[PDB]
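With one protein chain held back, the other chains of the complex are shown just where they sit.
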Amino acid sequence: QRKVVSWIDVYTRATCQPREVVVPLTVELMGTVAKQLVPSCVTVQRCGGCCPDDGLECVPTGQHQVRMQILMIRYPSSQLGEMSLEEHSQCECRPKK
Amino acid sequence: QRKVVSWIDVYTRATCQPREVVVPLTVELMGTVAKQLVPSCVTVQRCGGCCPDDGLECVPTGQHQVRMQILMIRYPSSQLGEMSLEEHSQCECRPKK
Amino acid sequence: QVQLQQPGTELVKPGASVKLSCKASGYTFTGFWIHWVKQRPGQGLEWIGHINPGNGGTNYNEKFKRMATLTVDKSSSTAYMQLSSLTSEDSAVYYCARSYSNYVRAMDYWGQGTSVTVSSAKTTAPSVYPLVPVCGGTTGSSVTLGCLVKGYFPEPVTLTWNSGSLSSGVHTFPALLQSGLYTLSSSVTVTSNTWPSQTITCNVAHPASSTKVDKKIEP
Amino acid sequence: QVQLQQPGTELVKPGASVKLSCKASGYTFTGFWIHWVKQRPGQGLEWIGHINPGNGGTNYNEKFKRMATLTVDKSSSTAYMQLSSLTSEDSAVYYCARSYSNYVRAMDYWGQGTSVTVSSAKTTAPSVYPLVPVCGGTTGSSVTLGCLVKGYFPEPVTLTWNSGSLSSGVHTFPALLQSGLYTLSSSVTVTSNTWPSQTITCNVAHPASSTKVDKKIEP
Amino acid sequence: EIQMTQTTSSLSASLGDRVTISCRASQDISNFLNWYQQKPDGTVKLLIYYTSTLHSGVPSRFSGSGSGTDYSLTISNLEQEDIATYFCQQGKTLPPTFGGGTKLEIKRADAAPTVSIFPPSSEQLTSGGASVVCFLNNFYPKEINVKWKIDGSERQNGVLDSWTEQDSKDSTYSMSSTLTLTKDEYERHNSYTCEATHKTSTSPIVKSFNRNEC
Partner (left out) sequence: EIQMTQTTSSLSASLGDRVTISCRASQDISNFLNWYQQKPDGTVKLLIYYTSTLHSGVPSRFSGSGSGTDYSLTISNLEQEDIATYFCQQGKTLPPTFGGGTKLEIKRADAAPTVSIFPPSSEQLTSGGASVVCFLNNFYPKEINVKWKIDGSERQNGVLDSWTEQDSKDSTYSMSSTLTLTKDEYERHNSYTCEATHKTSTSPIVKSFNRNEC
């Protein structure tokens, strides 16, 4: 047993907008607070998807940086600290160069 | 002006579960019926996130292939056809072998 | 939560121009084509033109050519229609609707529209009259009241009964042009014991003249 | 939408063992530790042990060294507790709750609980008695009726008035042990005009005996 | 332009009936046709946007059909919430061409109108005008006739006849006949008559009053 998805429902979630995207916590993105951060990944609203026209790219209009509570595994004393990440507000489709 | 995301709200969406992920449609991944299809990308529920303990992978337990209505830009006559992608049902944290 | 806003009423004198509004909210504005459709009183929908808010792509119908200039605002998320040189022929309801494609062109969500009335006639306030039942009968099982507003210009007019609380068995009749002025009527039906025991009020509002008065119907 | 399931009542005999259930539904089961907590009637919470359904790693409290066994099922999504060799000291309410990380030890969501009773006593049915106000006495503004169920075993019992529709000013008193049997009482207060014009019924349900009868209160 | 032909306007059917609304084109549009629902208040929404594919939040009753040049909307189970003029629109090539509306009315039992005459209000008579309003309040079908008789003699000028749209509650039409007159003539003339001719009776239903209060 199976069911089909309407094309309207296909493109609505596929069109350029702000959406929930997982971001892996790396030492290259956020530095030394612990050997391991818990959770090792978080979720932020990012501009994903694709525009109808081929010459149109999906880029953020404006972004606001949000801060999240994160468990820092420190072996001197483990603490539940704070970190920050960039999060998009709205996206648009622009012509490419 | 400022909001602090609670650690519980942080890990709840960060845990290994089925989530909406944008998948770019390519000629390699799903083949050629036309020059380009619209939308050029789709959204399917996939196993994303991260496990609490390092040493456990985020892998699907069950999955079901769903079919979506896609606009196929063909030059003899453009038509709104059907396509299929593999979608995940439920995920679990299994130790990495 | 995906709608388009259009000011339901609009008035201009013949010869002038209107910049119609199509406020987009609830979705990515620059991702869907914004269409504009014309409809004369009880006559088939006529396509005027669509505009792409993403790349600034403009498209117009042949007969409406220089009849209709389409523009978009990315800062306000609003599509605009500039109708140049208006006449009695252009007195119609103009809609706006979004569509996703480059081929299918299926306008999924429409707005409420804009009823553009084009006349140089003087804008005047209405006169509310309580339509009292015939002097001494008849009844009984149910009694009909009624209300009349004669000589108002232009549209629209909002008619309610008891602040809209009496929203049962109400007949609001559409306005018609008599001697260059609108005359509208309405009627309600309640049981013989409801009136004049419970005092029923006719509530009229003409926003264009800014003058609105509710009349209490007494026998 | 996230919750844990525990059977409210559980009856066993001295010497026997129970496999308590914690049915998890609403989240990824194998990503959170499942804790089990013991609570005696009106006493502090005692940690028994936690289990990780993800890897199978387990931890038990020292004093429950041989007496709790924790198991999990990836299918159906259910955590289990095997209480080996039960005594009268083990007669307590057992909870199941979930925490996230190894470091924090914070169990965010709990189950409803499992009141485990151990006795090996004879399970018998109650006898409902309608409490008559008085043989023509007190009548002022409000009158109280009452209900009684003496000699039922074991717990629990469901008590309502008029199919639970009369949920205003109801006093249901907790069960106590008398002569090795439970005796429970309840009372409802209504105006002197309501009764005995509107007939009131005492709804009793003892599911362990399977036999339950509602009684009509009459003066 | 690619002519979009919808060769029916008046359509009346009973509740729970299989109703087919068809459209024909000038050429092959290759299964590009959309069905739109314009409710009496002027709200347009898209029901079926391809051959047979539903919009989000549309009952399964609406069935799409037709391939090539002929395309038809099919309501399997008609209800009172389906009173609307349905349009078809091609999408093969611009412009996007719409067809003529089909006005979907719902068949019910024929009902006699309740007539009530109303003399000009004392508020109006002090201003210099006099208007006699005569409501006919619910009736079916929408083929009513009104005739004013001032002192037995017919009046045609000043008569305003406005109809209400198809009712969603009880499927009954209503119209209001408003006779506008001058006070100077209103005061010459005594005894008025509001005649109404309909399908429910051969004898015209009459509501008349004297202009002195009889």
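Think of it as A, B, C, D and E in the order they're written, each chain with its own count starting at 1.
In the analysis below, contacts are C-beta pairs under 8 Å (C-beta built on N, C-alpha and C of every residue); 3 or more make two chains touch, one makes a residue touch a chain.
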{"item": "Contact with the hidden chain (one of D:17, D:25, D:59 or D:198)", "value": "D:59"}
{"item": "Options A:61, A:63, A:78 or A:90, residue touching the unrepresented chain", "value": "A:78"}
{"item": "Touch list for chain A against the chain that is not drawn", "value": "69, 77-80"}
{"item": "For chain B, the residues touching the chain missing from this view", "value": "6-9"}
{"item": "Chain D residues touching the omitted chain (full complex)", "value": "35, 37, 44-47, 50, 59, 61-62, 93, 95, 97, 103-110, 112-113, 127-138, 144, 146, 148, 150, 171-176, 178, 183-185, 187, 189, 215"}
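Quick note on the criterion: only the chains that are shown with their structure count from here on.
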{"item": "Chain pair equivalent in interface to B-C, over half of contacts matched, among A-C, B-D or A-D", "value": "A-D"}
{"item": "Inter-centroid spacing, chain D versus chain B (mean Cα positions, whole Å)", "value": "44"}
{"item": "Where chain C and chain E are represented by their mean Cα positions, the distance between them in whole Å", "value": "18"}
{"item": "Residue list for chain A, restricted to those that touch at least two other chains", "value": "6-8, 11, 15, 38, 52, 71, 80"}
{"item": "Per-residue overlap in chain D, given as positions that touch at least 2 other chains", "value": "101"}
